[PDB]
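**Student:** Below, each chain spelled out in residue letters.
There are 4 protein chains.
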Amino acid sequence: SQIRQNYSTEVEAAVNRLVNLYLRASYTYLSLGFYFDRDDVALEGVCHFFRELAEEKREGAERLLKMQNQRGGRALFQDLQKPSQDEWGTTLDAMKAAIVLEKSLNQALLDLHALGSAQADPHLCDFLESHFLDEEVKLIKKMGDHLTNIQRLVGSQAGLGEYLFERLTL
Amino acid sequence: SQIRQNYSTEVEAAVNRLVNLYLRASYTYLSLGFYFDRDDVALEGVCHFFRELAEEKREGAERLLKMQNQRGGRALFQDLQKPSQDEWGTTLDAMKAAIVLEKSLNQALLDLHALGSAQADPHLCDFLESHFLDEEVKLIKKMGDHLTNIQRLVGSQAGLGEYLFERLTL
Amino acid sequence: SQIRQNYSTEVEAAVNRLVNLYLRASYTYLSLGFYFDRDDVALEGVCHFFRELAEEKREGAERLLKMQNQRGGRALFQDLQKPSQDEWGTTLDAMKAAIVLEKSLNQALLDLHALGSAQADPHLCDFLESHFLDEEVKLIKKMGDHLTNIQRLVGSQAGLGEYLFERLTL
Amino acid sequence: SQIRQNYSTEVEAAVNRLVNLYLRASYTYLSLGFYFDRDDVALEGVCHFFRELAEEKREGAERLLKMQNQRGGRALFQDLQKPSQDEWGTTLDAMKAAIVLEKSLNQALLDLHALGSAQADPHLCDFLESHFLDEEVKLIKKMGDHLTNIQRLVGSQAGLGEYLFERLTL
Ligand SMILES: [Fe+3]
Ligand SMILES: [Fe+3]
Ligand SMILES: [Fe+3]
Ligand SMILES: [Fe+3]
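Residue numbers (the authors' numbering), protein chains in the order written: chain A, 2 to 171; chain B, 2 to 171; chain C, 2 to 171; chain D, 2 to 171.
Misleading hints may appear alongside valid ones.
[To be verified] Straight line, CA to CA, 30 Å or less: simulated DSSO-like cross-link-like pairs of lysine-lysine: (1) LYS83/A with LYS142/B; (2) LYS142/D with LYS83/C; (3) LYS142/B with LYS97/A; (4) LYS67/A with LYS97/D; (5) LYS83/C with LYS104/A; (6) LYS97/D with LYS139/D; (7) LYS83/A with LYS67/C; (8) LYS67/C with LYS83/C; (9) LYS67/C with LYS104/C; (10) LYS142/C with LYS83/C; (11) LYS143/C with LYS67/C; (12) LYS142/C with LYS83/A; (13) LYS67/C with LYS143/B; (14) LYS67/C with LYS97/A; (15) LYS139/A with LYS139/D; (16) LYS97/B with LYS83/B; (17) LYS67/C with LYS97/B; (18) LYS139/B with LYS83/A; (19) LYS104/A with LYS142/A; (20) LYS143/D with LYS97/D; (21) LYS83/C with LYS83/D; (22) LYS143/D with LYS67/A; (23) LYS97/A with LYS143/A; (24) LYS104/D with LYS142/D; (25) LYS104/C with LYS83/A; (26) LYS139/B with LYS83/B; (27) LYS139/B with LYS97/B; (28) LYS142/D with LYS97/D; (29) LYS142/D with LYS97/C; (30) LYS139/B with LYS139/C; (31) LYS67/A with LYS143/C; (32) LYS143/A with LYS67/C; (33) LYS139/B with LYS67/C; (34) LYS139/C with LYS83/C; (35) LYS83/C with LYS67/A; (36) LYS104/D with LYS83/D.
None of these hints come from the bench; they were simulated from the model.
Could you put the whole structure together from the sequences, leaning on the hints where they help?
**Tutor:** Written as structure tokens, this is what we have:
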């Protein structure tokens, strides 16, 4: 590649794997959101929450793919593993699942940072720090807030608390 | 009739019976809504829900009657059977009743479709598919959502959940 | 399911497979568009073409998923097969590939129509006819137009014609 | 200097040399742009391209000079070497030259990053990452796009392709 400069094949491969990870999370959020749209689940607010996460993680991957081209790497696409569940239980269960998912993207984001730093790629480090590293911390905090408030409500009246959280928070 | 063309007497009779069915549902929703307006029931939100269903099913019948004239059939009017109940119990009971009612209009709508199709009346099929078939599926889904959320709330605090649903959903 | 009515398990399974097909096409268009964004390919116009197809087929699948819930079926998600190619050659090759892809969705759409009709599901037939059947014919025609104009331009000056089409048509 | 803090003489000297490098590139772009304004060259679009690069690299150096003062270093000015050519040939040749030039600023930018990092100057690293590191990658990508499109057009009709690129891209 004529434009390629200071872009290592170790990093380019990582970005490709991270594109795959973001798309699979976006796929998971798609499943999550449409499950709460079920007539036997019927939690409007929870569905819109996970559908916007699906979009956000999709724009995240499109951002990586664009950066891949700006640096002179070749995007390579793999199969998208299906979501780990077909039914996600309650809001508390869904939220729990989401937080583990975000914590594993964040893990992947940090490893890719440590990689690009050992490779002395300051532009990659700057790209992850602005568009990704901080959004991921804000989101996990916001998700943790939700977990604490759901666990409070589910406490005695499980069915009532799920309704109140969806109406009054989401 | 001079304008009549490809309009069978089997179908024309069906439309007349379906006019009668829609009017009787609109009558039922009228009863339902004014029952929740009772001082000993006093659920503003539930009353407005059923009154708008009463109007919607009334416009539905006026639509059939107009189509009847556009095709060259003769509208014939029968007695409107009174609603099956004088008192409708709780929101959960009312909703249950409504869903059975909508499911029987939808049944009538599908039979009238199957009839007009066997008669090779493509215009009737198109008329039911746009103005009726899809509204009826949306509505039953929306009603099912309500049932799931009421059943969640009525769970432990029956009286409290009825209030919250009416204030926070309707 | 309480809301389910006139919805067969044969059809519900088809919709799920068609959700999968639309997502995999949307995945393909994602690959196609980002390939033309390559510095060694550099055809802005062709990239934006395929990226909007990626979105459109994604909204298409979200539409099916929403309809699945409105009818009382359960959405089930499978793995997304990766795109058939990693590099797509020229505009003429990409366009050729796209048309075969659209022609196979359209095939899937027609089979699902024939299925829902034999099952006497008039609402499914109406849903495919408005939101899908006509968009798919318009698109294939528009794609065929592009093929004829590319084949004209690639005729003598392959490299020049690709530039002119991208600047003057896309 | 009273305000100086965590600012090493190795780095301050680098910034001064990089000021000189940016000014000499801005000088080169000045030559490039006014050459395409020649009546025997007459490529309006190519001239405006290189003149805006001349400004941009000039603002870049003024930015370094301002940062030098904010940190407490002393700006020292050297002679500006004249451009390497007096006549730059075709658009393809000019573009080739530009890309090598940008790739050598980017090289200088990365070395100055590696230097300030080994010196543990996090503010310098942040200054290069926001105002310079990313602009330089975007630009080289954009320049590579241009090279691919020129090489496509120059293919058979060299004189015609130069005109079309200038009219339809620049
Ligand atoms: Fe690297
Ligand atoms: Fe008929
Ligand atoms: Fe069916
Ligand atoms: Fe320093």
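**Student:** Each of the hints needs a verdict: does it hold here or not?
**Tutor:** Now the hints, each set against the structure:
1. This hinted pair checks out: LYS83/A and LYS142/B have alpha carbons roughly 27 Å apart, not beyond 30 Å.
2. Pair hint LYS142/D plus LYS83/C holds up; C-alpha atoms about 27 Å apart against a cutoff of 30 Å.
3. For the hint pairing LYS142/B with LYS97/A, the CA-to-CA distance comes to about 28 Å; that is within 30 Å, so the pair holds.
4. Annotation: proposed proximity of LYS67/A to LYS97/D holds, straight-line Cα distance about 23 Å (limit 30 Å).
5. In summary, the hint linking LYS83/C to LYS104/A is supported, as the alpha carbons are separated by about 26 Å, within the 30 Å threshold.
6. As the CA atoms of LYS97/D and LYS139/D are separated by approximately 16 Å, the hinted pair is consistent with the 30 Å bound.
7. Taking the CA atoms of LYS83/A and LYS67/C, the gap is about 19 Å. The hint holds against a cut of 30 Å.
8. Note on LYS67/C and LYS83/C: the hinted pairing holds, with a Cα-Cα distance of about 24 Å set against a maximum of 30 Å.
9. Proposed proximity of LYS67/C and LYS104/C is supported: the alpha carbons are some 24 Å apart, at most 30 Å.
10. Distance restraint check for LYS142/C and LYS83/C: the Cα-Cα separation of roughly 26 Å lies within the 30 Å cut-off, and the hinted pair is therefore satisfied.
11. With a CA separation close to 28 Å, the supplied pair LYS143/C and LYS67/C stays within the 30 Å bound.
12. Between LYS142/C and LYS83/A the alpha-carbon distance is near 34 Å, which puts this suggested pair outside the 30 Å criterion.
13. Between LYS67/C and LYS143/B, the direct Cα distance comes to roughly 13 Å. Compliance with the 30 Å bound is thereby established for this hinted pair.
14. With a C-alpha separation of about 25 Å, the suggested pair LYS67/C and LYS97/A falls inside the 30 Å cut-off, and the hint holds.
15. A threshold of 30 Å between alpha carbons decides the hint, and for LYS139/A with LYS139/D the separation of about 28 Å falls inside it, so the pair holds.
16. Straight-line distance between C-alpha atoms of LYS97/B and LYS83/B comes to about 19 Å, which keeps the hinted pair within the 30 Å bound.
17. A C-alpha spacing of about 23 Å is found between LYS67/C and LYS97/B, which places the hinted pair at or below 30 Å, so the restraint holds.
18. Taking the CA atoms of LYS139/B and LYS83/A, the gap is near 29 Å; set against the 30 Å cutoff, the hint holds.
19. About 11 Å separates the Cα atoms of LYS104/A and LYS142/A, which keeps this hinted pair within 30 Å; it holds.
20. Distance hint between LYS143/D and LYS97/D is fulfilled; the C-alpha atoms sit about 12 Å from each other, no more than 30 Å.
21. A hinted pair counts as satisfied when its Cα atoms are at most 30 Å apart, and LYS83/C with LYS83/D does not qualify at roughly 53 Å.
22. A hinted pair counts as satisfied when its Cα atoms are at most 30 Å apart, and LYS143/D with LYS67/A qualifies at roughly 13 Å.
23. Between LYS97/A and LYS143/A the alpha-carbon distance is near 12 Å, which keeps this suggested pair within the 30 Å criterion.
24. Proposed proximity of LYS104/D and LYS142/D is supported: the alpha carbons are some 11 Å apart, at most 30 Å.
25. The straight-line distance between the Cα atoms of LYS104/C and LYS83/A is roughly 26 Å, inside the 30 Å bound, and the hint therefore holds.
26. The straight-line distance between the Cα atoms of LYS139/B and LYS83/B is roughly 26 Å, inside the 30 Å bound, and the hint therefore holds.
27. Under the criterion of a C-alpha separation no larger than 30 Å, the hint pairing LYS139/B with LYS97/B is consistent with the structure, at around 16 Å.
28. Annotation: proposed proximity of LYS142/D to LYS97/D holds, straight-line Cα distance about 13 Å (limit 30 Å).
29. Taking the CA atoms of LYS142/D and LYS97/C, the gap is near 28 Å; set against the 30 Å cutoff, the hint holds.
30. At roughly 28 Å between alpha-carbon atoms, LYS139/B and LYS139/C fall within 30 Å of each other, so this suggested pair holds.
31. The suggested pairing of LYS67/A with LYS143/C holds, with an alpha-carbon distance near 27 Å, which does not exceed 30 Å.
32. Restraint check for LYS143/A and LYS67/C: satisfied, since their Cα atoms lie roughly 27 Å apart, inside the 30 Å limit.
33. Restraint check for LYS139/B and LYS67/C: satisfied, since their Cα atoms lie roughly 11 Å apart, inside the 30 Å limit.
34. Pair hint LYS139/C plus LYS83/C holds up; C-alpha atoms about 26 Å apart against a cutoff of 30 Å.
35. A hinted pair counts as satisfied when its Cα atoms are at most 30 Å apart, and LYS83/C with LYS67/A qualifies at roughly 19 Å.
36. In summary, the hint linking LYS104/D to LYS83/D is supported, as the alpha carbons are separated by about 19 Å, within the 30 Å threshold.
Going through the hint list in order, the structure does not satisfy hints 12, 21.
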